[PDB]
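Given these sequences and hints, build the entire structure.
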Amino acid sequence: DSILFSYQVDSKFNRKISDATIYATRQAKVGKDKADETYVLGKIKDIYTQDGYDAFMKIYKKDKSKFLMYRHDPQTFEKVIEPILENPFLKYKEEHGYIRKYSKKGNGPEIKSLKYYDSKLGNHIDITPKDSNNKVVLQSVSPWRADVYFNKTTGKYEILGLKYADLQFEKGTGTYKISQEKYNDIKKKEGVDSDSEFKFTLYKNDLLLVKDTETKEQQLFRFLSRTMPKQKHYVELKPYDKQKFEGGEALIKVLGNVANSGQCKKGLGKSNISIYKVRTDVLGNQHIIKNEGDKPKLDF
Amino acid sequence: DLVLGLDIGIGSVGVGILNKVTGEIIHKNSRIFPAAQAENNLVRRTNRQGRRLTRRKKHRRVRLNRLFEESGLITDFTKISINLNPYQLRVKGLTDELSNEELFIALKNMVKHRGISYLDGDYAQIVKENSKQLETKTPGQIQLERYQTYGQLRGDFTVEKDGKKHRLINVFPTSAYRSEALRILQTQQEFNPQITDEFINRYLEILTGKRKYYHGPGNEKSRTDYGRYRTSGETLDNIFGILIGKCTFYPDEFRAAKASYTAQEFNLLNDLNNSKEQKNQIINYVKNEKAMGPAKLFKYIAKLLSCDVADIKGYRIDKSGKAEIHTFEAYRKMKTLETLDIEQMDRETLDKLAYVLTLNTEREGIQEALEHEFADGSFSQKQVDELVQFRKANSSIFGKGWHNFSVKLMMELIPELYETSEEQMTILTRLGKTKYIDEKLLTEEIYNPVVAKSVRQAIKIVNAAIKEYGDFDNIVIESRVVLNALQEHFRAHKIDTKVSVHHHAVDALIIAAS
Amino acid sequence: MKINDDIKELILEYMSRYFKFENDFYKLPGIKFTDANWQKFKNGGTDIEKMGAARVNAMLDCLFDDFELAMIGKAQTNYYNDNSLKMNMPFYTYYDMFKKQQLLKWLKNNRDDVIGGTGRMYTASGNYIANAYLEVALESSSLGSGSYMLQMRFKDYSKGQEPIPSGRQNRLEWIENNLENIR
DNA sequence: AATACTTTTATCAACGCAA
RNA sequence: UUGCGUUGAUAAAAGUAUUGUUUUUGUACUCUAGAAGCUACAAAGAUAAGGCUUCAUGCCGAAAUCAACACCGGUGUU
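Residue numbers (the authors' numbering), protein chains in the order written: chain A, 806 to 892, 909 to 1121; chain B, 3 to 122, 133 to 286, 297 to 454, 464 to 509, 691 to 713, 736 to 748; chain C, 1 to 183.
No lab work stands behind these hints: they were computed from the structure. Ideal Cβ placement from N, Cα and C applies to all residues, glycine included. Misleading hints may appear alongside valid ones.
Once the Cα atoms are required to be at most 30 Å apart in a straight line, the calculated DSS-like pairs of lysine-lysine come out as [to be verified]:
#, chain 1, residue 1, chain 2, residue 2
1, C, 100, A, 977
2, A, 1053, A, 984
3, A, 817, B, 464
4, B, 176, A, 850
DEER-style ranges, computed between Cβ atoms [said to hold, decoys possible]:
#, chain 1, residue 1, chain 2, residue 2, range
5, A, 841, C, 22, 39 to 47 Å
6, C, 144, B, 208, 36 to 44 Å
7, B, 471, A, 806, 55 to 63 Å
8, A, 1074, C, 52, 54 to 62 Å
Structure, rendered in structure tokens:
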């Protein structure tokens, strides 16, 4: 086990920034609510197929108040659950036709689809139009790289995270870059102090070295991403020898053990820690660096 | 003195190097890269062409705004009511007077949904049923009838009639929309005199205007590398003209067309040679005298030598029958043209008429290649029209392909073919980076994306190892392209090196020992 | 902008530059320190970020022009993004460098609209200091009633006992000849 | 963000005629 | 290893059409001319965030290329 590995680095900058699917949100009270919250909506596309009935009864056996018709047209929902008592929607279609709504007469519109409160809002991009009333978002926003900062007045590391959608074609010359003020906002949100020293930046499959300060241990990782964007400095790592981290396998003293799933989501924003970056040759000759340059690369 | 070994996989190469007189490991390593997925280029291409479609729809609406503002009908476009029924005004303006703002509404709605034009198989049956309906009305009348009868207008939707059920669809040809717009514009011209005939020609150009599949994107001052207006300042005529292949031995010359005099006389010569007087006799007989065929050619070789056709060795067979022999089919078919014959014409003019007629597949490309490439040609319009109908008449014969040779090598070789019975590879036998290794061969010879990636990353490993340590004599690869590549580089660099074709590192170490 | 310890050093530097006795400054209306509290502020005692907003804005409004506070914000953006600047020089020296870069751009691009004058500064007792600083403005950017939108503020550190000349041409020649002595 | 059409150029295989 | 005649698989690039998602508005459905914005239908706008000049059959944006640094296709080190 004196074998050396050699990986390939992924540092391309203009990739898929998000989905192209335009989602809708509402503000409502669902579940264990003490206030309103924003909910990404969903839709059952058609209920008379085999999939739409299964999705309907899944939502119905989870929670009945998720449906928007349950809150905005209740008696029609009563005439929706009278069929599900005695049989289903396909049988009603092949006997009586389309499931119309409640009305005085038989002249209400037909019911083919149903919206509900799908989930809570996570990472998004606010693309709300001018004359709109609720929020309109784009989901599935991917991460690109990390910038690692370090301050001396606390003696610990802080970690940034840039996405693909944090860059822009600019307004005078059409170059692809991020400004310095938006970068100051991203530095402020991630908790980096203004007077920290920029150490290096990490792409995917970039070899990381973690050393300790009290008990002289050494661990080597591969960087993946900048997961869990609610509390700070958490980094997802991968092994150097294999492709996975299955089990509650121990790594070093101060980090801990991998979770039950197999994912290594650690917090490197702590004291008693030390980080180097490894730049291998194509034959595997590991060269260790401590300072990359003077400033992070922002113009491409 | 040292032996190199490589184990090549899909996304990994394991590599090792030994000494073989002692048998200790000098180096071992594992190089890991992601796989060459072709699903990402399909995703990127699909999105680019969808973005072009969205762009050109919006530009049609912008061009309609510019045309309507330049001719002075409407001043501003902010007070236009978006809550009027466009099909009602489109069917009303066929006989009545549209009030100058509902005309803009009708024309904008008509340019938003034009039709298909590939027609001039359930989907084919539904669009033919819809054409069978539109032979008596315009499509605006059909859409208004569907609207005020069934409530629905758009998509594909099925309706149960009194005794039958039929699925409807919103697909009409472009000719019907053009006829309806021409009728509406002539009636409003009879009413409102600000819509001159140049307005009608400009609007119909916006409506039925499409690009050609051999043009591409771009404009005269727009300079695309995906279209005919190349970014180097020039202008191609057909973008599939710089994609035609090279010659087999001189890799800087364009190929020849299969349907000319030169390739066809070369093919009949190659099937005849496996002497000179009866070569020329059979060739002028098949060239000038008609009602020809392969069985007729074997009857004629029974005729002139006056024997039964025996001692046959040089013949190709098909699965069905036999007597596959080359003929002057294209030459004899180019003789039934009512304009002047091709016998007493040049070989350069014949071959470039064959080029122009083989590559271009429809009227405007054929026409402007005949007008633009034949310098000072001064061709008439009658022969252009009959060559258009001639190319339309033979698509299976004339769009055959392109001959694998070039006109330079074949003009080097057509006289020589006759005097001796000799074959092509023996005839060509008889006529005959400064330290690092190239990326020429490994970027050209691509069988798959996966093989291309893995072999080029392995060759980077190879040349890094030969830079670091020194010379070699044995290189092992776990095919023949990389073999003769390395063998010719090492003979040209005067080095006798024999190249022969955790886990992968160990396996490369093992085969380096083997 | 951002209020931190670097703004405290910049405030104390420019106070030592324009006022010659410190009690001309810390007793101004709107600022209004006391002697023990001024010694608390000066000698590192009080944190500047939890003070009143109106007092710190009054100090910055007295010591700086309106365009100069914008240049403080832009130099703060550029300064905290580089380790050379952050680990070599303090913030007031880099603010001086930024200010003279803007002055040189003014002199290069449009030389024939640069005007200047003698600046006058009111003390705490109502009496002014005549000739406290040198005003440099662009004449095209005038608002009216003697106000200019783009205006900077310098101080000469020459060792010769000759004053700045008057007139547009003479003062422009003095500014172009003494570009290392003003600060 | 998916389903219908049209077209061009090129390369591998394998089935034969020859070397 | 090289040429010709058949038919399978693939790759790269081009031109079109109809929906889908989503926002406003109108009409219907519902509750008392107002309200709720569910459920349908129809117009108009957007369709990876964005950006350019030449003013238009306008154009670009989801792939591959890869260890860094210094001195004459080569040359030295952590």
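The hints, checked one at a time:
{"no.": "1", "hint": "C/100 with A/977", "verdict": "violated, 37 Å"}
{"no.": "2", "hint": "A/1053 with A/984", "verdict": "holds, 16 Å"}
{"no.": "3", "hint": "A/817 with B/464", "verdict": "holds, 28 Å"}
{"no.": "4", "hint": "B/176 with A/850", "verdict": "holds, 27 Å"}
{"no.": "5", "hint": "A/841 with C/22: 39 to 47 Å", "verdict": "violated, 55 Å"}
{"no.": "6", "hint": "C/144 with B/208: 36 to 44 Å", "verdict": "violated, 54 Å"}
{"no.": "7", "hint": "B/471 with A/806: 55 to 63 Å", "verdict": "violated, 40 Å"}
{"no.": "8", "hint": "A/1074 with C/52: 54 to 62 Å", "verdict": "violated, 49 Å"}
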